[PDB]
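Form deposited without its partner chain, single chain, as structure tokens, below.
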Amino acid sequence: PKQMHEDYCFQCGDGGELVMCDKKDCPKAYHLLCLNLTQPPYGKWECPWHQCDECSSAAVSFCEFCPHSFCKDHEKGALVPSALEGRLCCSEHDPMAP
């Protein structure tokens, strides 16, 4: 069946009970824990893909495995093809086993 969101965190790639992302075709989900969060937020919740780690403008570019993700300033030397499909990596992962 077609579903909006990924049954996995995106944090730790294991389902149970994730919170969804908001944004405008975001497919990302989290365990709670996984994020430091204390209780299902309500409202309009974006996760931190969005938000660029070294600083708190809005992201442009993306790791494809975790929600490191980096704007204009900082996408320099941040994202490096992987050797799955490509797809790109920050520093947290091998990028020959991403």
Contents of the next structure:
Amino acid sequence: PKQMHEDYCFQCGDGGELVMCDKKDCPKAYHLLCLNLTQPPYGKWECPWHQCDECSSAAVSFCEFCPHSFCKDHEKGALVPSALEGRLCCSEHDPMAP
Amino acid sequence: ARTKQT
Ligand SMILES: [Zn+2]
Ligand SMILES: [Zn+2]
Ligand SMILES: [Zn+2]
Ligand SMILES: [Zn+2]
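The form solved in complex with its partner chain, contrasted with the form deposited without its partner chain above:
Time for the whole complex; same chain goes first.
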């Protein structure tokens, strides 16, 4: 049945206790340990998918397999299609087995 | 921020 967030950690892929992103329309959820957070954040928390991993600027292009993402300055050449339905992946993944 | 359990 329809839920707004995913059932698996976007970082490691395992289930369990997951913090949910507060960014409008973001379905991503994460283990606290995987984000190096000690406690669930107080109040509003937006996940790392929204900020460029190079510079912190707002992301415009998004890895489909992990929270790496890229602003307008850093997005060209950042992602390639993968064997899983052509879904885009960053350099952390083997595109044949992302 | 909120949590869910799976
Ligand atoms: Zn995790
Ligand atoms: Zn998010
Ligand atoms: Zn950037
Ligand atoms: Zn990635």
